[PDB]
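Before any questions on how it binds or moves, here is one chain, the form solved without its partner chain, in structure tokens.
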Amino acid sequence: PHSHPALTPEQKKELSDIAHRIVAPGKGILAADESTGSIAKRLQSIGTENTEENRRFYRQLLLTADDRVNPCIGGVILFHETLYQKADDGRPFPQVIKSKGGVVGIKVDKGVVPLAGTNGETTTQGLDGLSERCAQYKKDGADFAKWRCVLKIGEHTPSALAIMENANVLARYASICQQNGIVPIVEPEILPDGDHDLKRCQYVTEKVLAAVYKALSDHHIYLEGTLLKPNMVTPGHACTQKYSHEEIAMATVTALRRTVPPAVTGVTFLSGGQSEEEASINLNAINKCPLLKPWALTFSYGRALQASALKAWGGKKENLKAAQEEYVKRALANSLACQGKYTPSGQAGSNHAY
């Protein structure tokens, strides 16, 4: 019942300023932190040898897009490798991002591991020596981090154990980050896999987020110095019943209003499989939802921002401008969506049953 301040007024201030910059009006996050494992699938999809040079050139392609993306990208999440790579001009990628007004972020988890005794459920590792890594990363240009936990809806999941364990590990990770000046982005992703309907996802999301925030509270986490990266509340991929973006938005916002304390600075949704347009439309619907939303509701997209750019590139250097144009467009479309000003046009423009 006694307070033992984990952070000083100055440390809190720094964390809060960073979190706010990442989600400033009209800004979102570019999820370009794909590990060498997932980046292999990306490069293969366009027939491109997964070499370090190719990965650099590709990340360089997104990071050096023209100034149009500046007011769109509040932050960029990088994989360890990329954080130390440089642009052709010799500029460290973190410097590239900063000079364009973006905050640098780094993925710090070490993947999921199987939770024994459960039906295929997992937790996430990566806490060992995390404090030293954050201290280094901070010094090397990063101001926020990313840790991903994965939960799945099934006949017996998310189980009590999975919810509790994942919520606890996220708290530990957030705790270590704040001690090192790094704003932690809490990502408790509930996969969309399955044939469950919309209200099933809203139910599970509500229970998961409540556990997450109780856990952050127990570990004395400074909420204003954090961000939330959840799944939007949608029906299962295999769900036979169909819904409208207004329904998805109402369910999403409702689930958040019931669990996410207003102190949390911002919600940066993950696209989790949605098409580039789908992710933008849904995001726009969420911001236009007629309910009180006390936190920024923006994006933290990977493929929803890179899909077209990746294909337009095809690994061919002569397609650089074409590939960047595609990315720029998604950045602009999502910049409008996170403000609710999105339209297929472009720059020119109950709840009791939940």
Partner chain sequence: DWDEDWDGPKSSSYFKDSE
Second form
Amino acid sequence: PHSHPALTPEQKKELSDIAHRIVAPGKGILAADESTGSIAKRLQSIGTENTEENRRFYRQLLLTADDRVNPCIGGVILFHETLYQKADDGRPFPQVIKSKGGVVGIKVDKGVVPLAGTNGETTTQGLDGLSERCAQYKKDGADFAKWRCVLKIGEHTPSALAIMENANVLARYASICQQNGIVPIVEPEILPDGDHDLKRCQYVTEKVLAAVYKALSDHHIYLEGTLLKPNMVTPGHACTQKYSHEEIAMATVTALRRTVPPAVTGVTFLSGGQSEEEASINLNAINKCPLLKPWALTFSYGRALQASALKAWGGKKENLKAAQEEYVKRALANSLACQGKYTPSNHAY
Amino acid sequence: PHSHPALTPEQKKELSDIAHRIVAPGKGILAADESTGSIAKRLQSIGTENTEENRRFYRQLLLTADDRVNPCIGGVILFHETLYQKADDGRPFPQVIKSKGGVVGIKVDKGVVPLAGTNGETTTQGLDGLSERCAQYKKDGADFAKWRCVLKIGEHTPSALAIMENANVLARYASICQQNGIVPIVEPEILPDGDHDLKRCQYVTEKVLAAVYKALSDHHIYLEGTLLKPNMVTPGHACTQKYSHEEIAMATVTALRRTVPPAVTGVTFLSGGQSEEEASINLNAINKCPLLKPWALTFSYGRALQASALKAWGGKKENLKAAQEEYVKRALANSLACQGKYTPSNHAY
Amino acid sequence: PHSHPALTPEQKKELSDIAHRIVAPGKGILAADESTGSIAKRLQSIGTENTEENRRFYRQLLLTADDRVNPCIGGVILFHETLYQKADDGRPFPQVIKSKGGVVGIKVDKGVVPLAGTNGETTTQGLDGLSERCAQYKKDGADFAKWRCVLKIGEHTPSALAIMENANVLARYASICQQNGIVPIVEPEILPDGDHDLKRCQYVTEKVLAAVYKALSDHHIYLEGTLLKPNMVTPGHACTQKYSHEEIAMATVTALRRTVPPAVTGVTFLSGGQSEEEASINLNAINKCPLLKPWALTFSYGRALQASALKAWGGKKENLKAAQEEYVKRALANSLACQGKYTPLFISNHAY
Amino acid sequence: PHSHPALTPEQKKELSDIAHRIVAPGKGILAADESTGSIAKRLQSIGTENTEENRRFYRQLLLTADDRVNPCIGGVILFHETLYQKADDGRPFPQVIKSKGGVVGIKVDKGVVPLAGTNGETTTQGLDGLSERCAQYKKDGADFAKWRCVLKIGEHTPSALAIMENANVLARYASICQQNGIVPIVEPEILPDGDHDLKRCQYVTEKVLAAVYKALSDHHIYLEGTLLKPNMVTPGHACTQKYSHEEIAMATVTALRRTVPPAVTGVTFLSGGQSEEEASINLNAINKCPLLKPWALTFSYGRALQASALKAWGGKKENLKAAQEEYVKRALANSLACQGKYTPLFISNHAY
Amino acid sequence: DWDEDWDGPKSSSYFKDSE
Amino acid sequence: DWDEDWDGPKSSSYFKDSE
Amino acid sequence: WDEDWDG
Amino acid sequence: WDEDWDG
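Now show me the form deposited with its partner chain bound, since the one above was the form solved without its partner chain.
Once more the chain from above appears, this time first in line as the rest of the complex follows.
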């Protein structure tokens, strides 16, 4: 029942101001934070050699797209390697992001690990030396972070253990970030895998988010200096029931209204298995939902911003402008969608 | 991870519609639910004999005040005896309340009981046969209920036990109400007793409300069909630091924004130890707070609606109109204040 | 992190002494605490009228069996009505029980209630005015209580809510008992209903008992002044896998060793739909289990002590001695069984 | 309510067998797992240079003491560097330990980190890549691990957060160990720092251990393949109230009986700032305590086994035998003490 | 009037013994 | 380099024995 | 006793 | 493996 304040008013202002910039009206996040292994798969799919140079050039292509992206992109999240790369002109990639009005983010987790005694459930590692890593990343230009937890809907899952443990590790990570002037994005990703319907996903989302916010309270997290990164509430990929975008929007907004305190600055959606178009249409329907939404409802999109751009590039320097156009189109679509404006004695002891 | 829905869409609509009527713009609650012992003390203070007739007449005085109260009073909460009393004209008191556009409430708890091994902490009893009591009260005209939990700020209090246990019992009570078409008002009252400052009360409120909403989630409570009845965030009564109404408003709204999901229909404040005027001024400052407030912020006032009316009555039938005027004045003040418009092997095992 | 002790050294001594008397070596509990409607059905089965007199006589028959039961019976639990009934000589039933060296118990819960949003799961009610009820029962000669929580093994059950909620209500009840000098028997009954195997029951027992002991710690329960009343770890009654008595014993003792702190004075097993003789054999195998067992492992049996006595009586006054003899035989068998000293395939067509 | 077993019967057998070897009757643990900087400070105190060779020689001196130590030492815990060092004959230190009948242990945590929003409280880090570290340590001859969590008794400490968080991290670490055939020693160290009395320490121990065992149940930890490493229940070192050894024993045994399931293979006590001799006397009084103790009650001592050996060596090669003799004396005293068979007013002016 | 001890599901031995 | 086992607060008997 | 009316 | 990229 005793306050030992984690943060001064100055630290709170600094974190709150960063969180607000990322999710400012019309803005969302480019998730360009794929691991070297993931991005190797991206390059293979377009018949391109996984060299550091091709990874660097591909990230340059996204980061140096023209000024039409500037009102669209509040934040850009990077993987470790990319934070220390440079554009052809010699500018560090963080400087490229900042000059276009973007806040720089860093993915800080060290991947999922199996939880013993569960049906294939995971937690996430990466807390070790995280404070020193955050302090260094801050100095190197990052103002926000990402930590991804993964949950799955199945017969016995998410279990009481998986929920408790993932919510706890998210709160630990968020606590360490906030000590270092870094806005933590809290990402409890519930996978769309399986044949469960919309109602089941809504139920699981409600339970997971109530556990997340309880853990954030237990660990003294300052919610105004945080963002939330969930999946939209959708049927499973193998569900045979068809749903309108308005039903997805209503299930999503309802689940958030029931669990997410209004102090949370913004919700930056994952796009799960959605196409570029579907991700934008669903985000738009969420923002058009006729219910009071006391937080920014925006995007943190990887594939949903990048898929057409990656294909149009095809590893060809000649296709630079055509590839950037595809990314600009998705940035413009998503910027409208996050505004709801998108139309495609032992007794003494 | 499995939904066994507590409520149908029809039950949800019924509960949500009742909750919305009680806290509709400009409206709050008259708490006229004092026990026979408390109301004996009220009558004693004005030199009046504690007869059932004097209790009945006093409640009639409040309930039959003129039509100026009708836009002010969304709900009236009663004690058991009063639910079954009648006005001089023969109308049951619930009928009197309903005809003026008020929803009828019933206090259902059976008082506080000591928690063993704590420093004078309590929980609340009253769950036994509560379902059958709710079903009967519904038939007899009640559409909402109150259950009061009490917490105290002190050196070792509220303890982990007191928080956990009071949040759990509130969830049990809320669950039973919702099965019977009764809107539960969830009342975690944190006493203003002691010399703690504003920041300490804010901290305790945040911790208590996070435990309350986690318990409501665990017990599958439908938040849209609930109201919250907390104290405002204030210094303790023996604190020597002075605070403006705007500081109380900011501490209160901040604490609610950090813990209370937007799905909660409304917050109906207790007035703790505040005078009639102070209760109205603080409620007004809360509604003027320049932060997004996604729920109705209103009053559930007993003494803060009744004190001048009780005094002006003085047990004299001749003073009926003068006494009702005092109550009307407070109902008008509080109606403006809730709008921000008030100006005063064994190994195989 | 701060002690405001629930109990004085003198209150602890009294609770520990009571708990130790109930489960002293060779002793267990007669559960004779069936409600009026339940006991009416027992009387119906033997063609006897449901009268207050027949209920009183049947309870007298059990309570006034000869002195051979005295070393077998540490406790007798009564339903409310029986606590206020008298033997033929005018002696209150609590006095009859005490004179034979038994501790008197009282069932204090007010039954199961549905948990909304669960798949048919329950909690238990009975906390309201429980303190004043306990203080009165104590004056009236009771020194221990019973509160029954019910959990079911099924597809999504027991749920996180049902486990947490029943553990919490058991801890509230235990706390109130201990303030009034009443030993609480903590009863988290996991039903043998269904087709689950032995492994599943063991897993569920271990999870439930861990949550029970956490709740009792949170609520400052004095473990030495408590008893635990679970089912044995068995397959579900619709499971077709067959197990030896030694396998049931190993799974039961393993589950308790993994969850039950040594400070708990004793474990008084339910019979869980077992035959009279099977309940004795399983209790015996438990006590012979070659693992360290730091608590008394005994019986709290109702039907498993009474079934043959009820039939041998058949509502006939002339049959008093034959009926008492059937009860004495089971008391003696169970007294040997709770010391590991008891020495006494099948397809039922009704299962098809 | 669903079992997806963490471990096979074969994995359980291996973990249980290791845990039982470490704490076999008469045996305890030599904690020789001080970091480089710590051991440099031990060398400074005896006027010896901090060289890799002096560190290696000092560890050799302890590990190669005469065969009288063999029945006394069930386990030796090493710091990372020492696990890869060799004796003068070229034998790897794990092989030296094994040849004398000891199990090899490894300290795996990466130190305490501050919990923000608390009054100077900590959690412990070291989970990242812990699985691959364990698998490598197992290949390199270690069969048990150590992870140290720290809790402090103060005005608002240990807080609900610190208890919950340290219990959770202990359970994560234990889970990872058991997947790799490593016995986890679960170490929730409650500091004897401060002026709290014996009652307050007992209360805090009971609350911490209840939360520890709930967390291990939630994370599906196999208790038989674990050990517990707590402080003894004592007043704080700044408390002026004096207690007998029998009072410390009673408070310690009572706290463990109320919280530690009998399935836990053993309790390996820290010395908690006690003198070499005092830690033996207290461990002995614990083993003589007239309450049922269903687990091995033994030592995991560092300074309490080494202090006199370190001084008797003084960095001089000629002093090898005299130094080993001091360690053997303490090993022998502690071996008798963990069987209850050890038989061997004061105000310090430095406290003013 | 349901009594789990008397009325609840029985073991196969209960059936064998009462046959 | 802080080591609780070696550097931490000591009992009165630690002081008596090393006096 | 009444908390709302008694200070 | 990337979940976002491999649906």
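Residue numbers count along the first chain shown, from 1. Residues that one form lacks are left out of the comparison. We call the rigid core the largest set of C-alpha positions that still match within 1.5 Å between the two forms.
Enquirer: Once the rigid core is fitted, tell me which blocks of three or more consecutive residues have Cα atoms all displaced by 2 Å or more between these two forms.
Expert: After superposing the rigid core, the only shifted stretch between these two forms is 350-354.
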